Each structure stands twice: as structure tokens, then as C-alpha cells.
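Q: Here are the chains, one letter per residue:
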Amino acid sequence: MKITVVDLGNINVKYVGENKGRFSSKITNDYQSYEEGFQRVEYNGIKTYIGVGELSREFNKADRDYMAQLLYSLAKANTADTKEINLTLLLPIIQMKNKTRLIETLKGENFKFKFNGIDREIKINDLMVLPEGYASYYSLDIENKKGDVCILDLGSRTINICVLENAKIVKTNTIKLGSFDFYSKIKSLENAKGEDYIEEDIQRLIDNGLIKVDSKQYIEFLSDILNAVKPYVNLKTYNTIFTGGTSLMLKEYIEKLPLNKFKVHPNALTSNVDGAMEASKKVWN
Amino acid sequence: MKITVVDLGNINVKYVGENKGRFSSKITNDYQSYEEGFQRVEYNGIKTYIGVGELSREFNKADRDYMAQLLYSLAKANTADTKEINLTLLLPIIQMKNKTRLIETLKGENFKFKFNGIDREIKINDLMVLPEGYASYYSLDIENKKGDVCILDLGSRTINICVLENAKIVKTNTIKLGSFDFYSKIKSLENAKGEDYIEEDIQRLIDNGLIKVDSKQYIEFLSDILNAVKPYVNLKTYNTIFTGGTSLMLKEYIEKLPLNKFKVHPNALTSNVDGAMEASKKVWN
Amino acid sequence: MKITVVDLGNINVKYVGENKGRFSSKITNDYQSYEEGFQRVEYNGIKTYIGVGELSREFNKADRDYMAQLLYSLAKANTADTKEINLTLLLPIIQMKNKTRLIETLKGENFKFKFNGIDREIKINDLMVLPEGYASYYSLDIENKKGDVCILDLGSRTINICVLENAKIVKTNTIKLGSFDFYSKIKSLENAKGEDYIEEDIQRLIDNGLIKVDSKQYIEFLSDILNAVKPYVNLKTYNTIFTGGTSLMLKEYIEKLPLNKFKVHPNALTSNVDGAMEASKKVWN
Amino acid sequence: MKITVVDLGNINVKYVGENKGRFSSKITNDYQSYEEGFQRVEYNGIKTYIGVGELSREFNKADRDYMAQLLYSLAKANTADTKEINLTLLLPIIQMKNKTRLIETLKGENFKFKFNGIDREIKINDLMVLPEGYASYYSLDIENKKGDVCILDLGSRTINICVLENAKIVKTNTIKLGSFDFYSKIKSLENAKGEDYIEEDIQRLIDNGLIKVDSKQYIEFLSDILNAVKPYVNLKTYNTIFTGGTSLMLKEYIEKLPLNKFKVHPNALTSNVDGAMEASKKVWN
Amino acid sequence: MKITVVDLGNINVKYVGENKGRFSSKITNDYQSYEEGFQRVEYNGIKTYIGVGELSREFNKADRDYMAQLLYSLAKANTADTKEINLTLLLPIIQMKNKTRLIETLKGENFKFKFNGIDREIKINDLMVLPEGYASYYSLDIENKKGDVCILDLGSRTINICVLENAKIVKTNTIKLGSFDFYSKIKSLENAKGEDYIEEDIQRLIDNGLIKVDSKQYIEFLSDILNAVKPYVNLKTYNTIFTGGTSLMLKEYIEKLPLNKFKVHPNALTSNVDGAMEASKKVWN
Ligand SMILES: Nc1nc2c(ncn2[C@@H]2O[C@H](COP(=O)(O)OP(=O)(O)OP(=O)(O)O)[C@@H](O)[C@H]2O)c(=O)[nH]1
Ligand SMILES: Nc1nc2c(ncn2[C@@H]2O[C@H](COP(=O)(O)OP(=O)(O)OP(=O)(O)O)[C@@H](O)[C@H]2O)c(=O)[nH]1
Ligand SMILES: Nc1nc2c(ncn2[C@@H]2O[C@H](COP(=O)(O)OP(=O)(O)OP(=O)(O)O)[C@@H](O)[C@H]2O)c(=O)[nH]1
Ligand SMILES: Nc1nc2c(ncn2[C@@H]2O[C@H](COP(=O)(O)OP(=O)(O)OP(=O)(O)O)[C@@H](O)[C@H]2O)c(=O)[nH]1
Ligand SMILES: Nc1nc2c(ncn2[C@@H]2O[C@H](COP(=O)(O)OP(=O)(O)OP(=O)(O)O)[C@@H](O)[C@H]2O)c(=O)[nH]1
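Protein chains in written order, with the deposited numbering: chain D, 1 to 285; chain B, 1 to 285; chain A, 1 to 285; chain C, 1 to 285; chain E, 1 to 285.
Don't take every hint at face value.
Pairs involving identical chains hold if they fit within one copy or between any two copies, as the list cannot separate such chains.
Below, simulated DSS-like cross-link-like pairs (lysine-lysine); rule was C-alpha separation at most 25 Å, straight line [to be verified]: (1) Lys99 x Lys263; (2) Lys282 x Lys193; (3) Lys261 x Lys168; (4) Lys281 x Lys187; (5) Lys171 x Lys97; (6) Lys146 x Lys83; (7) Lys107 x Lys236; (8) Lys281 x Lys146; (9) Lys20 x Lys281; (10) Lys187 x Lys112; (11) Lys251 x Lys97; (12) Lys282 x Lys168; (13) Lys20 x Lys185.
FYI, nobody ran anything at the bench for these hints, they're computed from the structure.
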């Protein structure tokens, strides 16, 4: 029957199915008087509002109340008439060792919710769990997988690397660095200029032209990440597919790099689960 | 059919419809011999005179006989020939959790009154309830909502803050501080000068030139409110729309602030329900 | 030395000391030819007759010539041989902010009077001022103050509520409703039956059987007061002590209520200053 | 010279010095007519009454007018003859990052107050700030710190965990769960039974026998907290010291647990600052 | 001038100089609110806390942020008044091919740090790099180096073997086996007994008597390591010096072996850099 794919992401939860899209992993459970003015869900004795509050930073999100965001994203991907669906969840690569913990709350059960009053329940056909970032592989045709590839997801705080040969994997790694670190570095001196910004509001300010982050600072970040990744891979080799939002930060200068074969694929942020959807096709079809 | 908007306000009830305007939330039910000389309404076994008496200070006005002022304002907004009307009531933000209590007396019923002898009854088409101060949002065009905004209502005893991103809310808060507190502070030493004034008569005395409240005291109040609001928002960010009467107190020096983008919108006191009227247009139209 | 307690009440002045009792707060200063036939006092350039005239309704009785009734009650509580006495006056709860005004005429002075010719003067040992209705607390033993309590004085036009935990207060409030309002409601249709009664003569007529106020109307008043008081207190909780004359109106059906723990204490009308006398014992002894 | 310790707590402020004790963090600043009947303090342009009003729930109490309760507790711990004192304040663990904000109002200054009229001022010798819950450590002798320990404070809405090896810390964490949540869960169905209770009055009702919360519900809460805490610690390991009021809720069944080494220490609620006092001894002595 | 020796070890960093000692290689860079309660260093844009967090297991520690622990150990070995020092670093034997990478960050430069606020900088006189485990050689006198020797370091996950003839080396090898593997084997069935232990906490539990690892299991590990090492060396020949912490695990039964000449030297864990210090004496003196 019908299938959906869900990416829990590093800062944004995201979904594809009969309904497709994304939203921030942002969450709150604090004081309230105007519930109607916020996206909200109450279930399992927990009340939450979605897309606002605190973003959190603790490792292994699977252990700190991910459930509300997960079910909210499921409701988004689904329509009110959905009977039952298959599940292809995704986790940050180095974290899938926690899948069993997820299996505690997830494996082949049925779930109830309210989410503003739509408030129905649904069972899941089956369960698969995959690495975040990696799935990009299956969105690719043989157009470039005819040669060796490197899926490279520039996640908010991380870079997720998996180098693959014919049909198969060759190596994997994670580096704890990301555009959030760049925002922190920028604020280390921009806040010092009599301001009260944060790593969360910053991007909107670069968008509106209120702030003038220098062009060469993005280049500094690019060089830093390249230096970090050198010991494992040759970027010139292993044609690299950039994915994630940070690739959307840096496309304009990634394109300027002297590398041999590479690209920032369209919807690079959602390319991983474009590939996960192709992998789902492979699984069922 | 036709619609009206009503703001219960902090010190003044106010209305817009086929008739528009405002008046103080002031009320009495005390001894009387010249009923004809006072605005008055008798209903539900309660006799009241409007715009005079005691202003009251208790929290949750919804529980201390708001009904007379509400129906009086309805009669003002309506004309004697009105058949039936839709309702868009407003409450102080942190107070809409009491809407259910309001729903006890209000939801889709018909109401009778006397009010000096016009003395007819009317049914209401439907019910919506909204936050006071917030509705300003919908009076704005994309002229400045293209960027992030902050509705900022300097209510008599409070400041009501709601920061909004595209089409949507980002955060909300209230601070229990207002021009009434400034009047109390001024009287803490001005009354001490062998006088018997109050926070109610004071503004008329500054108007007539009888009193000489220093210019820098308004600046002190501005700095106090700015210090109070800092922990949640950056004023330079989130282009701020000042609303409420206190904005009318301080316009002349608000305009002098070093902030980047901001304004005290025309009819700032009634701008919130200018926006509520735009929101009503959005609802029905 | 010896002490007295005085309750100014809502309709009746009242006293306890070497002489104890009560009488209406009724007063006149109008035309006269048979002074000997009326209780009377002339002092401070004011001539008054006690227990007859006009009852008055204005708020803050402390500002409209309470003095004659006060001194008359003092004379009642005292004997002609009294040298000097301590004072424990009482005010309606929300009104003790006017104590300073009372201190203008009262604090530690000596007073002269005539009152039909007894006509002596007396000084007062000291001054304390307490809330009317509340003092009931100290008449109670630990017999029921071992648990949480609620002093509930059903005064002529009001209900005075104070909820107390161990030895201490928890909350307080007033509601402007009373048996006078019930009498007004009854006369709203009973006078309409070609009669000229008032809220003052009515109770005598129910006493003599001339009038047949329905039983269920007292129940309607009970339900109205219960609905009014709900937002602040749980009647089932906070064992309630009914006090005041209206409790004497309603005892027969108060006893029928489904509440858990409660009572209409003996001399409920004077129970408050039974407790004030116990509090005086606590003060001096 | 002399030193004092103050715990701001989650629901109760508390103090030890020449005077020792505790009281609720409850506070009000609302309407008043009988100031003498309430604990009260007026300073810095703010009037407050202590131990009554609203308990508040917002995070980072350091930003919402904690000052009145703090100074009130200082006055309690001190005597009218106190010259100057050292300060060892405490904050909820995850919150001490706000100490700088506290340093804005506190570091080595002198403070004035009224508090019913005692109304003097005092300077502070020095400043230290410590984690709430943790300080229990220093009340322990080597009697059980010879082995690894776990300070475990079951605070009103939280559980505060710090696991310590020889003389030192090993790990720390907070879980947003507490007896307040249990009271909310109990009221989720007990209020539904035609009652108007809250999480605040409930404990008094279990105390008086009016309510019959089932024994197994406390066990359910115990199991829930144990499940929550498992991912970080082994309870059988790291001999656990239960602290806080909730430990006083659950002692009777905590003692029944199958764990190896543990205890609910005497005055578990105040054991943390018993240890903070021992730590003060260590600091100065 | 003065010299220091540093062992990066397998689980513990360690140092000798004007200050001597050791500590775990344990490290974290995660969320924080009580910096003062943890050993910490912030430099080169990286914030870390020492002796707690994650121990890590990846090969070639030189590539995964060893810098914080290294500089922390330098600060330990040095005093606040140190001007400049010589450097004799050590690496796991098979890893010194990475010395050039170390030379990228280390060779004859000056370094800055904060480490809780001491926060000074220092230059290094010169650079030497040596094998971990081997240096034990130079702590020995001719007391037993008159004959052939075998330095044998039973490191946490490894055994490091170097067989030496007169003044010189004869052969070298590493075996990937260690007491960490023994702890993993023990937990393979001890955790299975309804417990949540790890290879890190285990040794403390054997220390406190909570756990009863059988005596013969240490013998099994001894036999396994002996079988592993046989193909290269004769233990009876090449008088063996046991070094490292695991030798401290097994001394009591190592002494029982039927071998001809051998010993577990005092401070076997630090004997290697006792010898490295002797080698430094040889170098400069
Ligand atoms: N320009 C632009 N950037 C975006 C947009 N949405 C997200 N981003 C960027 O995404 C970056 C966050 O890091 P990511 O690369 O997305 O990390 P991640 O692992 O993919 O985590 P997720 O965003 O949840 O998928 C930030 O720098 C954002 O600016 C967008 O709509 N436009
Ligand atoms: N100058 C001037 N000030 C006004 C007028 N009407 C009201 N105000 C001011 O309004 C202030 C009261 O505080 P507000 O900002 O109005 O508080 P609010 O929440 O908006 O409550 P409402 O007045 O009922 O809408 C007082 O300081 C008044 O002086 C006016 O016609 N002229
Ligand atoms: N049955 C009866 N009722 C009385 C008597 N004296 C006073 N009352 C009642 O007292 C009621 C007046 O309201 P109260 O409850 O006394 O109000 P209050 O605040 O106590 O004012 P005071 O009467 O002055 O103490 C009236 O309904 C009277 O009928 C009495 O002797 N017998
Ligand atoms: N039985 C009993 N319980 C108490 C008493 N005082 C407080 N409590 C309990 O304390 C609990 C509140 O949670 P706490 O564990 O105290 O949370 P906290 O972090 O310590 O906050 P504080 O109470 O201010 O110290 C409630 O369940 C109360 O019932 C008491 O005197 N007797
Ligand atoms: N009994 C005891 N054992 C210790 C002590 N310190 C470390 N150890 C042991 O050291 C062992 C770790 O393996 P090692 O032999 O030290 O491996 P390594 O290559 O020397 O790595 P380092 O410990 O960092 O020097 C563990 O089994 C620990 O129990 C100690 O103070 N007492």
C-alpha cells in the first residue's frame, strides 16, 4: 500500500508522502493562553507546540521527547482520510544504534493523537530505518553512480560522509561541524557589538540585509571543513553530492571550487529523502 | 451579514461597526437621583451608569460585571434599526483562557437591554474571540509585514508583546507595567506636595498646563520599559508597531529613539481593531 | 483594664462589654417636638435621634456622620460609672484603608456627649481596628480550626469571605450582594401589587404572616450567592462559618445544603465579635 | 564572620543561618485593604505579599521579580541586630548560567527593605552561588561518600541528578518531571468528578483524608521516574540520596524498592543546604 | 633547561615534570551550565571538559581532537611560573608514523590556553617523540639489561612488545587485545543479568566488592595473551618487564607464573616514562 518517508533532521523535521514538505524541529511545552494561535499537539500526557520554543542540542534526540514532532510530521505527510501506511524513518548516521530504543515506541503499533482536533488514530504497515543523508544515493540514476560517489550532507552541526562504490558502500564518517558553528563564530564578535542576537535569528538578518557577514568568512568555513575531511577521502575522487541546508548556504561558492566532478543537487536539503523515496520504490517495487 | 468589532481594553471600552468610537471602561452602580443626567443601563437585575464611578483594578475583568459596559458598547456600535450582527470580541492576551466563561454568557444567544429607553433586543450571528493588541497585525499591509514584526501594545498597566514572522506568530508575552504605574509614581511625590490628586485626573492636569511633569520622566519610563522587554526581543529587530494610549503619551520621544525600523501608527490606540476589522474582512471575505 | 468591642455593621450598630447588645444603624436629624419620646444624642453641634429616620446607603460610612451612632453604642456598652476603656473597633473588610480617617477623630482622645442627660465624658485606653466578619475566627476553638476554615459573613448588602489556614489567612474578598437585594427583588413585584412597602418594613411583614414570600425564592438567592462565590473558593473545602443576620434568614435551608462540613454558628449575627472578644483576650491576656 | 545559606527552591524559598526554616515561594502584588493581615514587603517601587497569591511557573525565576521573596527570606534568616553577612545562594542546576544576571542585582552591594516596618538595610560580606540539590553532598560524611554517590533531588516539577566519584562530580542532568505533574494527572480525573480543586490545594486534602489517591498511583509515578532516569545512571550503582519534598511524598514506598544501597535522608527537603552549610564551613573553615 | 615527559596513553593522559601524575583521557564538549564544577579548557575555538564525557575508541588519536587533553596535561606538569620547556612526547608504537601530522601542530611553536582562567602562553624548547611502552627500557639499570630484555606494555586494548639486546632493539610488535576486551567479555554475560553496566564503570564495582568476577577468568585472559604472543617471542627468554595498568590488574597472578625471569616493576603503569625521563637525562646530560 502507500508509503511515506520521514527525516528527523538536525534542526528540521521533514516528510514526503501524499503530502510533502518540511518544518523546523523547534518545540515548546511552556505556559500558554492562546493555544489556537500556535501549532500544537497533546498526547501521551504531554502538551507541545510545534515550530517554536527551544531547539535543544542534546545528542541522541531519540531520548528527549522526539515523539511530538514525529507524530506531527506524520500528520502533515498524511491526509485525514489515510487508513494505514508503511514507515521508512531515518536517523543521523552514527545514531542508528539506537533504533532498538525507537523500536520500543514504534515497531508495528497504532498511534493516537489530537493535533488541534483532527484527532484520529492510525496503524503502520511495516518499519524500515535508514541513515540520514545517505539515502540521497537512490535518488541518483546511473547518470553518475556509474562511477564512485560520496554522499556529503552538510548538516546543521555536522558533516555526514559516506563513500560508495558500485551499488555499495566503501566507508562512512561524521564530523561535528556545521553552519550552526559558523553562526556561533560570527556571533562571537557580532554580538560583542552591543547586540543581542543568536544563532537562530541570524540567517533571517543576513536574508533581510540587516547584517553583512563577509564573503570570505564562508570561504574560511569551506576551507575548514575541507581540511577536516581530508584524512578520509579525496574530494577530487569520489564525485561528491552536497546535501542539506548548509549546501544551500554555500552553493554560490561551492560552484567556484577547483574540484573535478561534483554538484549541489537540486533540493539538496531534501535530496536525501528523494533518494529514500526511490529506495522505497526499490523495496516495494 | 454585517459585523462589528469590540475591544474591552484596559481602561476604555471601544467599538467599531456601522458606528465607531471609544469611551472609558468607567462604571458605577451607586446612589442616584438624576438618572437623566448620566449614561445608564439597567438589565439582568443590575443598574449601572457608564463612564463614571470606579474604574476597578481586579484581574480577569470577565468575572466582575463587565456585562453592562459590553452591552453599552454594542448599543453604541449598533443603530436602532440593526437586526442581527456577527461578533468579534477581544480579550487581554494572557486572559483568553477565560473565553469559555465568556461563552457562558455570550455564545450565539440573544440579548435584551434598556439603555435610557431605546430598549430593544438583538441576536448575534456568530462568535469569534481574539487577543487584544495583537489584531493590529491585520491592519498592516505587506508594506512592512514583508519582514518580521512585533506588535507592541503599551496598555494602561501592561505592555503586550507578540513577535510574528511570515503570516505567523513567533512568540508572545505580557509585562505588568503601564502609564498608570507612571501616574502612580508621579503622584507618589506630587500628592505629597499638599494636594489630593489621583492617577485618573492627572492627565487632564498635564493637558491644561496646571502640572509640569518633567520631560525626562517620560524618558525614564521609556528606559524602564525597554529594560523590562530586553530579555525576550531585540527592538532593533522585529520592526515594532506601538499601539495603545500610552503610545499617544510618548510619541514625541518614541520618535527620537535610535532604533532601526519602527513607528507609532496612526490611531495607535485603535490600530489593533483596525487590524481586527481587516481580519474580519479576511474571515468573511 | 476593661475592654469593649464594637461592630459598626451594615445596617445595625452593635456592642459588647460590661453591657452587650445591638440596635439598628438607623439615624435621623430632622424636625422634632417630643425629644423625650425618642432615643437622642446632641454633640459636636449635631442633634440626632437613634434607631429611626433614614438608614442611608452611601459607601464608606466613615465619611457621613457615623459619630453619633458610634458614641451612642459606646454609651450602651458602658455603664455610668465607667472610668476609661480600651477600644477594638471594626470596619467592613474592604474599608479598613479608611482607618486613618477614623484615626482623625478617634486615636487616644477623650470624648464628651449628652445622650438624654447622662452626659459625661470618657477617655479611651488604646486603639485597635479589625475587619468586620473576620473576627469570628477567634471565637472558634481548635474544635474546627484544626482544619482550613472560611469565615463567611452574609451582610445586609454584601458577602464577606476570608479563607484561613493554620492560624493564618489564605485569601479574602467581598461580593456586593445581600438580603437587602433580595428584599428589593421581592418588592419589585410585591409593591407592583397596589402596595407601598419597602425593603425596611418587609421582614416584619414576613414575621407577622401578612406576606407569603415563597420558599423557593430563598433557594434562588442561595443559588445566586453560591454561583457568585464559586470562582474564588470551594464551599465543600474550607469549612464555612456563616455569620450575620442573613444567615438567620436562611438557616432553615442552609442546613439542607449538600455541603460536607459547615454550620450556622449560634448568634451567627454576633459571632464575629464573640471572636473579636476572644481576640481581645488574646491581645491583653 | 557569620554566614547564611538560601535555597530559592522550585515552590518554596528557604533559609538557614542564625534563624533557619522555609516557606512557600508563593507571592502576590494584587489589591489590598488589610496589609496588617498578610506578610508583606515594599521596596524598589514594588509592593508584595509573601506566601500567597500566584505560584508562577515560568522558567528562569531570576527574571520575574524573585527579589521580594529573596529579601524576605534574608530577613527571616537574619535577626534585627545583624550587621553584615556572607552569602551562599543556590540556583536550579541547569540555571546557574544566569548567575551573571543575579550578579547584576546582588554582587557585594547593600540592600534596604521595609517588611512590615522592621525596615533596615544591610551589606553582604561576599558572594558564592551553588547548584540547588547538589549541596547535599557536603552534609554527607565519609560514612557513604567512601563509595560513589548520586545526589537525587525530586523537585516539585523536576528531578535533579548529579553522580559523584571521590570528592568529585562524574555527571549531571535534569528531568522535567515532578510531584506537581502527579497532582496534575490526579486532577485530570478527580476534578472531572464535579469538583474545582487544583495542584496547590490537593496535598492538604490528602492530608485531611478528604481524598483517597490510590496507593498504586504513587508506584506508577515511581516507575515513571525510574524509567526516565535509566539511560544515564544505574540506580543500584551510585548510592542514591533522595532529597526534596517529593521524597517526603514517597518515603513509605521508596523504602520498599529492591535497590542495593540508598536512603531518604532526614530532612531530605533541607538536606541539600545542610550540605551547603557544611560546604560553607569548608570554605571559611 | 627544564624538560617534561608526556604519555598520551590508551585511556589515560599522563605527565612528569616539575609536577607529576596522571588522569583519564576522558573528554567532553557537550551541553553545560556549571562550568565551575568541571575541569575545562577553551582554546582554538573548541570548548572541552576533561576527565568526563566520552572516552572514544577511534584509531590514530592524533586525528580526533587530542589537543585539549594534551595542553591540559602540559598545564598540569607545568607550574604557573614556567617560562619555556623541552618536549618529549610519546605515541603508541605502531602510530609514530603520524609524527609528521603532530609536527603540524607542535614543532617548536608557542601555545596559548585558558584552562579555568590561569590562561597564559608558553613556548617549547625542542621536540622529541618516542614510542609509548618502550621508554621503560631507560628506567632499567644494567641490573637486568645486562641480559636480553622484553618491554611488554599491557595497554588498555593492546599489548605492545619490544625485544631488545645490548643497548639495542631486536624486534617489535603490537597485539590488539587488552583489559578493555576482558571487561567487554565479562559484560557480555554480566549485563545479560538484568543490569546496565559498561566497560568503564566495571573496575570500580570490582573494587567496591559489588561484583565478583571469578579468579580463573583473569587466568583465562593471561593464557589468551600468552597464546597470542607465542609466535614472536619466548617468554622464558627475554626477561619481560610488564608495564601499564593491566599489569596492575594481574600482578597477583602474574607473580604465580612458571616463567624464569620477569617482574611487574613498581609503578608499572608509569614505568615507561620513568624510563623516558632517564632517556631525557641521557639526551641532555
Ligand atoms: N537559504 C535558505 N537556507 C535554509 C533554508 N532552510 C534551511 N536552511 C539552512 O539550513 C541550515 C541548517 O543546516 P542543515 O544543512 O539544514 O543541517 P541538516 O542536517 O540538514 O538539518 P535540517 O535542516 O533539519 O535538515 C541553515 O544554515 C539554514 O540557513 C531555506 O529555506 N533557505
Ligand atoms: N493624549 C491623549 N491620551 C489618551 C487619550 N485617550 C486615552 N489616552 C491615554 O491612554 C493611556 C491609557 O493607557 P492605554 O495605552 O490606553 O492602555 P490600553 O490597554 O490601550 O487601555 P485602553 O485605553 O482602554 O485602550 C493614558 O495614559 C491616557 O492618557 C486621548 O484622547 N489623548
Ligand atoms: N429573624 C431575624 N432576623 C434578623 C434579626 N435581626 C437582624 N436580622 C436580619 O439581618 C439581615 C440584615 O443583613 P445582615 O446579615 O445582618 O447584614 P450585616 O452585615 O450583618 O449588618 P448588621 O445587621 O448591622 O450586622 C436582615 O435580613 C434581617 O432580617 C432578628 O432579630 N431576627
Ligand atoms: N508531607 C509533607 N510534604 C511536604 C511538606 N512541605 C513540602 N512538601 C512537599 O514538597 C513537594 C514539592 O516538591 P519538592 O520536592 O519540594 O520540589 P523542590 O525542588 O524541593 O521545591 P521546594 O519545595 O521549594 O524545595 C510537594 O509534593 C509537597 O507535598 C511537608 O511539610 N510535609
Ligand atoms: N587497580 C588499579 N588499576 C588501575 C588504576 N589506574 C588504571 N588502572 C587500570 O588500567 C587498565 C587500563 O589499561 P592500561 O594497562 O592502563 O592501558 P594503557 O595503554 O597503559 O593506557 P593508560 O591507562 O592510559 O596508560 C584498567 O584495567 C584499569 O583498571 C589504579 O589506580 N588502580
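Q: Under a CA distance limit of 25 Å, which applies to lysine 20 and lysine 185: within one copy, between copies, both, or neither?
A: neither (34 Å within a copy, 36 Å between copies)
Q: With 25 Å as the alpha-carbon cut-off, assign the pair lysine 20 and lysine 281 to within, between, both or neither.
A: Classified as within: same-chain Cα gap 16 Å, cross-chain 31 Å, threshold 25 Å.
Q: Is it within, between, both or neither when you check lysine 281 against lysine 187 at 25 Å Cα-Cα?
A: Close neither inside one copy (44 Å) nor across copies (41 Å); limit 25 Å.
Q: How would you classify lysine 282 and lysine 168 at a CA-CA limit of 25 Å: within, between, both, or neither?
A: within (15 Å within a copy, 39 Å between copies)
Q: My question is about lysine 281 and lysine 146: at a cut-off of 25 Å on alpha-carbon distance, are they close within one copy, between copies, both, or neither?
A: within (20 Å within a copy, 40 Å between copies)
Q: Is the C-alpha distance from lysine 251 to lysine 97 at most 25 Å within one copy, between copies, in both cases, or in neither?
A: Result: close neither inside a copy nor across copies, 32 Å intra and 37 Å inter.
Q: If the cut is 25 Å between Cα atoms, do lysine 107 and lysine 236 qualify within a copy, between copies, both or neither?
A: neither (42 Å within a copy, 30 Å between copies)
Q: When no copy is specified for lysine 187 and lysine 112, does a C-alpha distance of 25 Å or less occur within a copy, between copies, both, or neither?
A: between (42 Å within a copy, 22 Å between copies)
Q: Pop the pair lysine 261 and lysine 168 into one bin, within, between, both or neither, using alpha-carbon distances up to 25 Å.
A: Only inside one copy: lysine 261 and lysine 168 sit 20 Å apart there, 42 Å across copies, limit 25 Å.
Q: Have a look at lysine 146 and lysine 83 and pick one of within, between, both or neither, based on CA distance no larger than 25 Å.
A: Classified as neither; 40 Å inside a copy, 40 Å across copies.
Q: Up to 25 Å between alpha-carbons, please classify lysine 171 paired with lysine 97: within, between, both or neither.
A: both (17 Å within a copy, 22 Å between copies)
Q: My question is about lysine 99 and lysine 263: at a cut-off of 25 Å on alpha-carbon distance, are they close within one copy, between copies, both, or neither?
A: neither (31 Å within a copy, 35 Å between copies)
Violated hints, listed in ascending order, are 1, 2, 4, 6, 7, 11 and 13; each of the other numbered hints is respected by the structure.
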